[PDB]
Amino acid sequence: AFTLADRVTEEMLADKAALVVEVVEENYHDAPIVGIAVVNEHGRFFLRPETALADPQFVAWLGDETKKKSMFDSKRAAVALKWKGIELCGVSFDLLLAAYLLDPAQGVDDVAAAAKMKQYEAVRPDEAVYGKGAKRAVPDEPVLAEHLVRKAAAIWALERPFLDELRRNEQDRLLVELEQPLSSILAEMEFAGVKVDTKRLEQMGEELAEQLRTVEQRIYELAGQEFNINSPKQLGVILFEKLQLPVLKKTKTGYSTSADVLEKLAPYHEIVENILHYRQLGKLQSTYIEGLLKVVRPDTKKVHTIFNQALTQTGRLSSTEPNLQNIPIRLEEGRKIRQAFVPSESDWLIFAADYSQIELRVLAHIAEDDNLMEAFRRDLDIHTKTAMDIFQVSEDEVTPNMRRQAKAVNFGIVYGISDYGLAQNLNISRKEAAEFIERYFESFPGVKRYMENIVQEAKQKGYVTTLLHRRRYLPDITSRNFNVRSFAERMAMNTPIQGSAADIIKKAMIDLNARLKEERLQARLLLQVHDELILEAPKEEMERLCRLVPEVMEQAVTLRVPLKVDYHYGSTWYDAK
């Protein structure tokens, strides 16, 4: 039972409560709050938001850091409230982040899924209540109120068991000192948004519609026929049946036309280079011009991403609607998209700071590999040094092709090395790749010992860990299926590296936000892209940021090798290079 309240009472404002501030729309930016539930020592309450959020005592309670709240996905509530000019403080327990740290593979995305981890089933999945996709809707008040009170009651009854298990895992500080403070910082970043130069985007797309038409007509002429270049089935028929190009592959999905296949097919027909170019331009038009403009707010011309903090299996963030972690940079034609990402105020600039080789520096630290540690203590070009070691040549004798192949070896080492995977990447034989790998481990025997030991540890304990005690369970490590077991072995090798790098930049974000506040700088974090942080600030703060941001990022943790941070700034994101 619970109270369907018509007005806020003092009983509802106790100094510890489970709080539900329900936002049903997936994108919570400027979205409605459909209902509120409070569970505390005095009872269970459902409040209508138009009543509660207009009540000064309830708003003061929400903003009082000394009034502690337990929630699920507090960032969603905090951001929805920010759009209403209401501050949420005092969130001491977030069940979504607790569940994520205990086991990221559960895919916990609602209270019911977290509750099932502790045999609590007296709450419905959100999808059962609201529906999926187009059939989605807020139910009538009796159904909605019971659901919100059941979620608040579940949070109330799950905080202790979840904290107990986090404690046993030595993850309690990871929740309270890393993920929960980070959630508030991410909320600020998403709410600030990034300003988009939409007229430049519209022009850029224009440059693109003309070039697409040009290459599309060239492809039709070369194919001797007009067809749907973007259809995988149709392209494969044109290439491999009409034009009779060679098929170097498997499976029975018609034919693969991925860029790695087309790059090998290019010497056989002029059409292949044009299809690759058409693919590049069409990706920019559909995803990064048209798709971006769809989610720009028409009034402010800002995009407000949502950073999913409880999704990836390694501890990284992800970014949605739009994804601001995969904006084009590698080819110049795509890189120009970043000219459309601009500071949100006049006379401000974009400032970008990135870790240099954080994953291999983490590997040097965790493996305690003498040669790799010394390479970073000398601040060597790690791919040139790896080439020197594996091909047994002096620095002057490293050719560009040697550095390229050594770089691919380094990628494989971080991903979880295999002769098959390296051979596929470098387009060489498994035996040739195995020789590269053997040479690598002769030069980096500590890395070899580390990789052997971490796979054995994953088998023994059932999971692997990161520097700050994030965990990933790997039950497939004991599979008698070669493919299944090999997947788990690569995850055992990769997750402590990628995940520790994620831990470090998350701590850097917390440290940076604190330093920006101490210095009373106007600079603000806008984005994180795995190993880099993107800020905007007044032009008059650039000199201070050039010293502050790299130092904070470099000092976030202390490893057996230095951390190194590069930085750039300019008038647009493109120019911060």
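Numbering follows the first chain given and starts at 1. If you superpose the two forms and keep the largest set of C-alpha atoms that fall within 1.5 Å, you have the rigid core. First, how it differs from the form deposited in another entry.
- Once the core is superposed between these two forms, every option in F441, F191, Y415, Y463 stays below 2 Å in C-alpha shift except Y415.
- Here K250 counts as shifted, since its C-alpha moves by at least 2 Å between these two forms after the core is aligned.
Next up, the form deposited in another entry, please; the one we just looked at was the form deposited in one PDB entry.
For this one, just the chain is written down, with no partner chains and no other molecules.
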């Protein structure tokens, strides 16, 4: 039983309530709110949004920090409301974030999935109510109102058992003091968006299309015929049947044509270099130029990413529409894409600050490896020092290739890759990659001990934890399949590193947001990308930020080694280098 309400009564404006502000469109930016449900001690209420959101008492209640609301995915609601000029405050419990902290592997997508964790099944999955894909539609008011009230009732019923388990896990503060405050910061970041210079992007796309026409023509005269270069089946027939290049790698369906294979085939035929070049130009044009231009809002000329705070098993943020975490950087041709990200006001600048080697610093701290801690206490180039140790040479004797291999070993630790993966990145044998690793563990015995100990702890406890008590369950750690078990072992080692680094960055964003307000700066966070925070600010604030931001980031936690922050500012993201 629920009141399908016609107007807002005071009964719906209690001190504590479960609240559903339903946004069905996957991209919630400027998206409709289809319905509102409130469950509190006085009953269960469904409100049409046009009513509720025009009611001054309702809107005042939404924005009253002392009126506590329990929700699922409150950022979606907060942002949808921001686009309507309405502030959502007082969200004291977000079930999406609670479920995520309790077990990130569950993939909790909707209220129903979180409710199942506590054997609560009186709510349907969103996909059963709205449908999937083409046939996705908002159902009739009776069906919609039942669904929203059921979601709000589930939230109401589930808050206590979820907070109880969080407390047993010592994750209650992680929820309340880190993830929920971050959610509000991310909602403001997403709402602010980042201004895009679409003229520059369109000019770049114009350039790429011309080179792509040129390289594509050269490819066709080399293949003796025309074909769809973007089809790895057609390309496979041109390279490996017509031109009879060696087959160095097979895929499930046929001939591998990854850039790894093509680089190896380059000496045999001039086509191969042009294919690689076509692949890189086409990646830029399709994915980044055309892809970015599709999601720039023509009103604001901004992109408004959506940060997914509750997806990764490490606690890292992901982002979509656009995904700004893979804007190119390595190749100069691609890094120029970042010239298109500009401050949103005249006489403002982009300020970007990034942790230097935060993952290895976290590893030095957690493993208490004396050699690694000393390397960071001396602020050495970690890759050079790793080369010196592994190859037992002095700094002047480290060749670029020795540093490259040491860097690949460090990369393998940071991202938890296998010996096979290291071998593949170093283009060496698996046996050779293995002996590289062993030489590393002789130089860093503390890291070796941490690796062994964390795997034993994962086996004993069932999970591993980060510095701020995020956990990752690893049921595959006892699997009898070697590849499955090795992956779980590498995740046991890696997640305390990657996840603690994510924890620090999140804490830094919270501290930064409060410091910006304390200092009454106009600067504002725009993006969190890997280990980098990107802000925009009046040019007149750059000198204050140069001092403030690195300090806040460096003081976010106290490790046994310093945190180091590099920072730059400029007129574009590219120039903030």
